[PDB]
Amino acid sequence: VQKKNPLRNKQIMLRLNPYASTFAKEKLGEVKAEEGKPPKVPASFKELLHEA
Amino acid sequence: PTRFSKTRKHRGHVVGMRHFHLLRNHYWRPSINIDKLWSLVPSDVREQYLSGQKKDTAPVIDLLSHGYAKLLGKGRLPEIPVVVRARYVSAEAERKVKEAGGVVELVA
Amino acid sequence: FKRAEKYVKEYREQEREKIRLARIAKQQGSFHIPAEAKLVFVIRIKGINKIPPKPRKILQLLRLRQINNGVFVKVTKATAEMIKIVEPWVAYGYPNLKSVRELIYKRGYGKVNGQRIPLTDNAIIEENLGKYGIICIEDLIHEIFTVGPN
Amino acid sequence: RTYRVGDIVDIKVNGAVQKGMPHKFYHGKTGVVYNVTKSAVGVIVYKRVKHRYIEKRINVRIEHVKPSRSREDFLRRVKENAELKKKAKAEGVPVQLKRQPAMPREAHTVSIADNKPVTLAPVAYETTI
Amino acid sequence: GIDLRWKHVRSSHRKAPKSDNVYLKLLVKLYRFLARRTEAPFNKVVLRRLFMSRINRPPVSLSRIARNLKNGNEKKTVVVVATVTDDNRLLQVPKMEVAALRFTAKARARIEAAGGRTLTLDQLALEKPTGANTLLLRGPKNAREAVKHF
RNA sequence: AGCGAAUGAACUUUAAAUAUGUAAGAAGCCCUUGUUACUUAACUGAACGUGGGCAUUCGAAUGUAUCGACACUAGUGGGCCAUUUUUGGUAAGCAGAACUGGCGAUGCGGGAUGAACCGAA
RNA sequence: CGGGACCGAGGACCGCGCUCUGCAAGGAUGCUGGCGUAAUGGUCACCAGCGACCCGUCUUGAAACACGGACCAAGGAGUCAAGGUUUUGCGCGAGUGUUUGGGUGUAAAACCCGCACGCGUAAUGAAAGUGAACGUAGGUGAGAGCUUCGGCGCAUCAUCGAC
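Protein chains in written order, with the entry's author numbering: chain LC, 314 to 365; chain La, 2 to 15, 56 to 149; chain LF, 51 to 200; chain LT, 32 to 160; chain LQ, 31 to 180.
Some hints could be false.
Here are the computed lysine-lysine pairs in the DSSO-like style, where the Cα-Cα straight-line distance is at most 27 Å [stated by the list, open to error]:
1) LF:96 - LQ:37
2) LF:56 - LC:338
3) LF:96 - LF:107
4) LT:78 - LF:100
5) LF:161 - LC:316
6) LT:97 - LT:87
7) LF:104 - LT:78
8) LQ:125 - La:95
9) LF:161 - LQ:37
10) LF:56 - LC:340
11) LC:353 - LT:147
Because the hints were derived from the structure by calculation, they are not lab data.
Required output: the full structure, derived from the provided sequences and hints.
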């Protein structure tokens, strides 16, 4: 009798998708990047970027 | 009826030769085909004839009494001898009557 | 539940894979050319007045009959040429996962027996697409976003 | 070339005789032969008037008529569809029988070591000098 | 505004008879119930032929029934939604079970004399509610002076 | 584009934009058999039939409340304006066609105002 | 995580579900105040803001021009008959039509009766005239429905035959 927005009503979200509660609890929208020291940009990329 | 008309709804929105002195009685000659020939027999006698309860008698039909002058040969006839009294007849109608076992007699 | 978990993991891995490939090419001194987009969302933003018969027919075939109507299109040359012809009436581009899930969750209506039925249950998607393996709205979103066989 | 009734032909009026052509509409059109003459041929053409097709007939000299290759691709595709379907039934492996539209290109990597890019301006400096 | 090049088409067939026959209305109610509650297409066809007019229901003769009774159809129940008329050119009548809207007096008498039986459509619905072992017949629709003059 | 390919818009290995014709299947594809009153030097092609083989995927995309045949009835069937294409012209205006769109039949918001403008029905 | 506006459609239960004693899950309930009457609401007259050419007819593509309109009451214009044609309902059905007429009557009604006749049941030809089965009233391809699941195949269409 009434279409309810699942993005506003959490119960419709849990009805249509049981994994939404697990997503919210485990915070899978806030996953940090993999650890490790990032290697620096090669020089030739920089001379190519700043070449007139 | 006037009340069912559309105007009530539209209220507010508006060779050869010539034959002098022809007499059709000269050319009166009605025709019947042989598949309706048994229909001229009365129904109950027709039923005994078709069932086979009359092995010694044959029916005689007068077409002029029933209102026909020519016997034509559309259809087929059963193997029952029938005497036919007609003013006119066609050759194949006479052939089918003779194959049925009857005879066609000419009357005026 | 398991299928939605798998889909979320696949989205995260494909994003990290694209980033890793770009970084590896940059570190090796080359450029990684990304794959061209497979999904285009098309919105009709101009009215139905004074339109030539060929763009009229293309909009009819793309099911853009009213202004502010949007559709999902798989990118082939046969569809790209049509959208290129009806450029003066549409705005089209490459939608992301958030756009797909927002559109399907908020304005999701299925065509069931010629009727426009809101997607309020997984059941409607199940009896309308279960022969293609799509049993819920997460399968529908995954199929639309990744451009699957169905 | 002796043309026959039912053959599908292309019309190309060769030469620069376009000064006084009565009907330039049928140049480059494709039609069906219904009548054959020693130096003429009868071609059935269809014209589109709004929502319906009207049927026109023209008499074209043989010098402006070439046989068309419209059904060559269809007959050819029928032939290799039959042959690869027989081959697939022989070897017991599925094979594609449907031609597909062009798909978008996938991801790939372009090397720079021997193909250093050239920087271009909106005009060429060699043309400026 | 929405651009609809095509047009939704209203139904082009009868849904109810124009006749004011109360017994025909009862027959329509019975066969509406039968066509709704059974899977047999025979009930739907009989309901549609009950809807039709007289020029769409030409008469069927005893000779036509005797023709269609041949070749393994001797024991089938003949169903004709029309008037069954007598044909006097057919001299002998085979035994037959015919269900019809109405019979002429001569046709009914000749059937009962030959040893067959005549039924109404409600009797047909009671004996064969699924249309089992039935031979459905129509008469010559184009055998009319108007159709000749068309 | 090249002519460190040949040759010289009329050069070409290759190849434009714009719309545009034809074709894209089982209702189809061939093979074989004979006849021919067609045709061919010709049982040779083709047509006519005959039989057989091809359903292992029915042989691009997208859309598909879009079917067909009758019956009866009615108005209009050498109207206006505009974009584009094309043929002519004039001192300047302008005159023919082809397609498309709008109007005559049409309300609404904006062009202060309005048959032909914009948005949108 | 706040702040604001508009809306409350349905009327026992059923279903999807969830954070599972219950619930924000297939559409509003709970508590409280004043009044219980012109207070809400409605009609009429007027003022105020915004909007708004006088109708009909003719013309062409259209406006314009032109014509009619002082006002009110009553009257006032696609009707009937005959003959066709298509469709709808009805009765009978290879037949059908009582009502020219007669009988009868509670008397222009109703009821009853039959010979002829009209149309249909046979066409074609100028006419003389002749006059529709080789076959389960044919063969082939479709075709609703039925089927003992082998097929039978209505109407109708296309085609080749027959009279």
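(message) Check the structure against each numbered hint from earlier and tell me which ones fail, lowest number first.
(response) none
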